[PDB]
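For reference, the structure I am asking about is given below.
Of the protein chains in this complex, all but one are displayed in their positions.
Labels run A, B and C following the written order; every chain starts at residue 1.
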């Protein structure tokens, strides 16, 4: 059917679950990233 | 399985990851959505 | 791989995104659940 899109999205769903763990486990990277976003606006 | 629901859902999966990055990178737009929800709910 | 698990899981992927929109837009609904968790824990 639309196999690359469905596969890529699924891969991305894992990728967000990893990001959510990284946001709390490796907290300082989002601590820097949010500070940059709040500064830049 | 019929195709459309599973295709729409996976597209939405990517869309939620794009929305999380959008939340931090451009704070101000989801900030208006939340203010709109607090005013009306 | 049979249909029901993947169909339910994809439907569930939409379901979390609707729940996140709900968490901001309909703020009082999530409030009652969180209060119940704090109360007895």
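Throughout what follows, a contact is a pair of C-beta atoms (placed from the backbone, for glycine too) under 8 Å apart; a residue touches a chain by one contact, two chains touch by 3 or more.
Visitor: Among the chains present, which touch the one that was left out?
Guide: Touched by the chain not displayed, across the whole complex: A, C.
Visitor: Which chain C residues touch the hidden chain?
Guide: Residues in contact with the chain left out: 1, 5-6, 8-10, 12-13, 15-16, 19, 30, 33-34, 37-38, 41.
Visitor: Go through chain A and note every residue touching the omitted chain.
Guide: Against the missing chain, chain A presents residues 3, 6-7, 10-11, 13-14, 16-17, 20, 24-25, 27-28.
Definition applied: only the chains that are shown with their structure count from here on.
Visitor: Return the distance between the CA-based centres of chain B and chain C, expressed in whole Å.
Guide: 14
Visitor: What whole-Å value do you get for the distance between chain A and chain C if each is reduced to the mean of its CA atoms?
Guide: Their C-alpha centroids are separated by 20 Å.
Visitor: Got the chain B residues that touch at least 2 other chains?
Guide: Residues 6, 10, 13, 16.
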